[PDB]
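Read the single chain below, which is given as structure tokens and is the form solved without 2-oxoglutaric acid (AKG).
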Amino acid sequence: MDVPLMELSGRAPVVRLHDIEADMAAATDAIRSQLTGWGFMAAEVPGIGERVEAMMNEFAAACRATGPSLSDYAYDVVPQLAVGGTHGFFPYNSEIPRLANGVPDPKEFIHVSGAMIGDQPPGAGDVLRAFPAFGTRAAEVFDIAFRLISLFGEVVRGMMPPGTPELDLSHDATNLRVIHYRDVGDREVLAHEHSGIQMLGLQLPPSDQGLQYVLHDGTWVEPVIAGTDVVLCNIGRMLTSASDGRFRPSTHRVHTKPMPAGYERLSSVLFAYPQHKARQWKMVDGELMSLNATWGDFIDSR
């Protein structure tokens, strides 16, 4: 094939959730080598695959439900933070599609923010009350993902100059995206090459192969992650900026093969953000430069 498989199961460092700090400390030298060698990071987290599979299966069931209805919790009827991104359900619109950088987006998806988990603003939690099986599992997977991604952030911070501050990822600003690809038709590409705007992304094991990453030399590879306990950690463009371009964004894409009549591909990813209101910073010429612009301004800039 043009794109080789990249085996990680039995190869990436093992990080037990009941043991996450000690195991991330032990894994740190290997994870640094991944970021340097590949441009993205990986850990095997025993048991995470079945927790994520269960959560995504409840999301799929919530997408098919005829009362309550996930469409009743579309982002345009969900209370939104005054300062923040948009949480709630993003329906697939077959007449005027949502565009991902100009390209129709073949999915319906939900953003479960740390704010939403806490019912912030009041009523944002309504979807988690309407679909409690999903809601409990989404909060479970959000929390596991936020603990893992926070410790990947410490690995990256550790590689940067002394004086690099804590990334200070914001629980409430951080979003778990849960995806149900649909209306795929003859598409081979579900998502063209891109990176996340935010600090870090944590790719949880998807239902199907097809997520691909580019290596430093421009070689595209396909991590073996479907059905696994492997998580991938992505550099987002806020950290590329904070690092003065040392760590490029972990550019990736999603391809697929033909699958049965409306076979349900599912995927979930944690997007970790700092506080929108907080000032930017960058490590420039070996030490911290404080910026006037905020992390919110960074997002608005694009």
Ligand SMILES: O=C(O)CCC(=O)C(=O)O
Second form
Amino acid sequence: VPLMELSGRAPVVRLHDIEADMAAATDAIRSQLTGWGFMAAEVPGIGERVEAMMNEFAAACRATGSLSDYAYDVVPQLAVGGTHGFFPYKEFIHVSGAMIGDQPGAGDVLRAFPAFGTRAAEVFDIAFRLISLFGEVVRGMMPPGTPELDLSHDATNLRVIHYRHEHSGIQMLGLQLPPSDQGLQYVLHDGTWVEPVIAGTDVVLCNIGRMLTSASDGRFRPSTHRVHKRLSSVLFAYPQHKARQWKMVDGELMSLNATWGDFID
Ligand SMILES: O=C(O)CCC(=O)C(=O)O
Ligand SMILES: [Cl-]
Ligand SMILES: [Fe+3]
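What about the form solved in complex with 2-oxoglutaric acid (AKG), after the form solved without 2-oxoglutaric acid (AKG)?
Let us now look at the entire complex, which starts with that chain.
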């Protein structure tokens, strides 16, 4: 599978100028979606923050002073929503916006492992700003009258993985953060696979998820990908589960009965 270098080629988006740099990168990002099926930006300084986060998650996975103390089935969950917490074995954690706000006891995993938790909250905030502006770019590619994506902070979650087939996300958008190793591969519009060069870089990839495929009525296919020789993290952005779905069919906004929560089930 051919390598796809992105360092120095994707638009640069600086940590303390995200909104303005994303505005300037808009046309480049549109052309990536049109020409690749996924999007990319280089974010100077993100790699350091993500590597530290990942490396501290790896340390926490071996501690006993223990992450399975915060397995999803013993962590307070929202009445309506997904499932944050730790998923033992290949082993990963879901750090939701709600969890970062302690919505109460749900933030205990971060109090128990506050070095990892401080990095994860930081990376969540950056990734959520990025992905919200990626969503604005995609929205601007959609017909006039397209509603705002309305990504929800509480329902969005950051996944961090410790030991790892073709698939796409179910949610609105995903933001792949630079992994520890190479192997993540994406399919182009012609059915050929490429391997973005992202390990140990500052490059983030933005994925179309199946919720946005549905909302855009098929205009944007999911950013299908797979992993093939180890740590990794990705933000999964969701709208509010209780909001009713919508769909832009042939230029017409149609409000459906089902909710976004129904889409997942
Ligand atoms: O394991 C990785 O490097 C990325 C896994 C993946 O597909 C994702 O986080 O969405
Ligand atoms: Cl995914
Ligand atoms: Fe994935």
